[PDB]
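Presented as structure tokens, the chain that follows is alone, the form solved without this ligand.
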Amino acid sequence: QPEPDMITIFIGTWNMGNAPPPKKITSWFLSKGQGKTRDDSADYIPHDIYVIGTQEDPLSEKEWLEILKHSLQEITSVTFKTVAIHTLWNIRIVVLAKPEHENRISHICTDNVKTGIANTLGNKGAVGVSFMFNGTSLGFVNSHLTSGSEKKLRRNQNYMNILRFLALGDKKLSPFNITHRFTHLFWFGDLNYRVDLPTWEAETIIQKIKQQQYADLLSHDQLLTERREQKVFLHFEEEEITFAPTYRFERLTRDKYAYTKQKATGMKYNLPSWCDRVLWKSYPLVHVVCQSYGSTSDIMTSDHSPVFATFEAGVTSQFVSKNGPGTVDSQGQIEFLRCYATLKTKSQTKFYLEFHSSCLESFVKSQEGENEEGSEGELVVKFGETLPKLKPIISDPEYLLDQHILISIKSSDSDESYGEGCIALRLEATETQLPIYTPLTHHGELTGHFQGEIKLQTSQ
């Protein structure tokens, strides 16, 4: 039975509005409704992994697991296995997988982050799950961010707190936050970004939605505008939105948006908005293709509609050679030439690099670089030809060309990372000097760049 080189992943996000679901929710898992929908000819084909994020979920874990498993069994005639379930207040994540994957999945982690302080601590935050699927690390975050049209900055702050403090994946990757720990990271939820248009324009917005004319609305979507200004979700991707706003509906129909201010809304307007979103970030040159992104039309218990997204995702096998794991393979090496970091810091300490990768027996620390001044004010840290030669555990190019090197640039004075990035070993050539590049981030914000050349030797 061969190991897969691709899997499909279903991501669902639904703010349930504190109401039990209706008796049938299969359209959600079938990617049917509005937007980029899944072909009817695929309806009986199970996804490999289903990741369900809820917000304002009134159900017990047991109650929701029984609904989800029975739903998928009706669709697919497969009894899915529960990989993980984690709940913070009314924010929940469930991961289900086909039974054949049970002995491909390991290192299952769960965590949560509570956002805000005092007042603003008590119902918003995130839950997450990570695990290994054979050689590939997968992370999943379901977040319920701060509500309200005039709180986009709070939402951006909630995002940074979640990516700093959510403790998922390999703890040995100590300089790296969740935005670097996974081959594939999916971040979804009721992110609560709004369409930023004047209140007086509510009926005009509704008109546009009825005409399926979303362009003048998406140009005011706060998540797209904040992302384009690099204020949030730097280096994540989202599929084009081709479904109507998923909030705020009158319950028990989808014929009406309920936008007007009420005591129950704190006298706030809720103009129609794309509150409910799926984003991803995968390591460079790994296969990931969004195959659906849309909303259901027939699940009407909540003031939100469920959102679905599905992905093809490249995976790798758990590789064994006669040498590594458990030793190095002398026929492999990774060399860095002419490398330098460009940092935005105003500080003057010496810096060194750390190289982390599951192709190495353990992480590698470089010598200190030589600091110079860039022509436009910047700090440039030069490593020249001084970086250590990296010794992979396995030299076979079918393994090594699928790997990645995480890089942290650390202060010699404090051993704190000033920037993190990732280099793919999926090169155009071996035994050939080739340019490499990564942006560097810290707490998910841009802090600099790392560039130079690589030379990769494999057994071929």
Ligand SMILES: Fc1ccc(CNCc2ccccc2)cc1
The other form holds:
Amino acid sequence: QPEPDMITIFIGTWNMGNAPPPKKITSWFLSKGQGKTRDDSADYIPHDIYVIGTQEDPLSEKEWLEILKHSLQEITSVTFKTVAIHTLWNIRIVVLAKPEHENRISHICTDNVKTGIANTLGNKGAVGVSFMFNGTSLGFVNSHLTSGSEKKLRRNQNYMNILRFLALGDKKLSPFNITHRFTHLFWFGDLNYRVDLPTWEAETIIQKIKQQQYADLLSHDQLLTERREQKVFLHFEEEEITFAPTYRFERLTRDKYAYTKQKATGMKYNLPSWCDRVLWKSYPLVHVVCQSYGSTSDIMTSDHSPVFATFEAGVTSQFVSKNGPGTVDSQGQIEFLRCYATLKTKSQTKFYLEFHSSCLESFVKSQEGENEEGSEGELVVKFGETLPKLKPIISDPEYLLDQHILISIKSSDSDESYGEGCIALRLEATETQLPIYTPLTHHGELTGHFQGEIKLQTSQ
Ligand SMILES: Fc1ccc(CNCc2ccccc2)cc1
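Please supply the corresponding structure for the form deposited with this ligand bound (the preceding block corresponds to the form solved without this ligand).
Entire complex below, previous chain first.
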């Protein structure tokens, strides 16, 4: 039986509003309702992996896993296996996979992060799951961020705390946070960003929603505006939104948005908003295609509607050769030539690089670079042709051209990373000097750039 080179992944996010679900939730897993929906001819075809994030989830793990498994079995006639389940108070992530994938999935990790201090600590935060699927690392984050139209900056803070502190994936990747540890990272949840229009416009907004005229509303969505100003989710993607706002509904219908201030809301307005979102970030030049992104119309127990997204995701096989794993393949080499980092830092330490990759036996430390002043005020760290020649464990181009090199630039004085990035080995040519580039981030914010040339030798 050949190993797959593609899988499909279902992402669901649903803020359940502390209510049990209705008896039928199959529309969710079928990507049926509003937005970019899945074709009827696919309804019996199981996704490879289902990742369900809930918020305000009132059920036990057992109660929810029985509902999920029974739902998928009814759709697909497949009994899914549980990869992982992790709950932080009423925030939960479930990962289910087809039985044939059980032997393909390993290195399963779970973690959570609680956001806030004192007053603001006790119910918001994130859960996450990571694992290997053959040669491919996958990470999944379900976050419930701070509520309220006025609190976008708090949400942005919650995002940075989650990507700093959530401990998933390979712990040897110590300079790297979750935004660099996975081939594919999916981040979803009740992100709680609102449509930032005046309160007095509530009925106008409702009118626009009834006319399915979302364009002007989306131009005021706080997550899209914060992302466009590089305040949050830097280097993540989101599919175009073509479904109505998923919050705040009167329960047991979808005919009414309940936006007016009430004692139960702390006297806050909840104008119709796209609270419930799915974003992703994949390594450069890896196949990832969103095939659905929408909301259900028939699940009405909560004041939120469920959101679905589905993806094609490229995956690679576990590779064994006669040499690696457990030695190098002297036919392979990676040379980084005429490289320089451009950093936003005002520090004057010396810097060294680390190169991390599952195509190396272990990470490689460079010599210190040569610091110069950039003509617009910046630090430029030059590495010349001084960089260590990297020795991959396998030289076969069918393996090596699918790999990635993570780069950290670290202070000699403190050994702290000032920036992290990723270079694809999916080159136009081997044995040929070719331009490379990555932005560098630290704690998910832009700190610089790395650019230069690469020369890749494979067994071909
Ligand atoms: F649904 C799932 C439940 C459990 C798992 C864990 N499988 C680990 C494994 C891999 C290879 C051989 C033996 C064990 C993976 C998926």
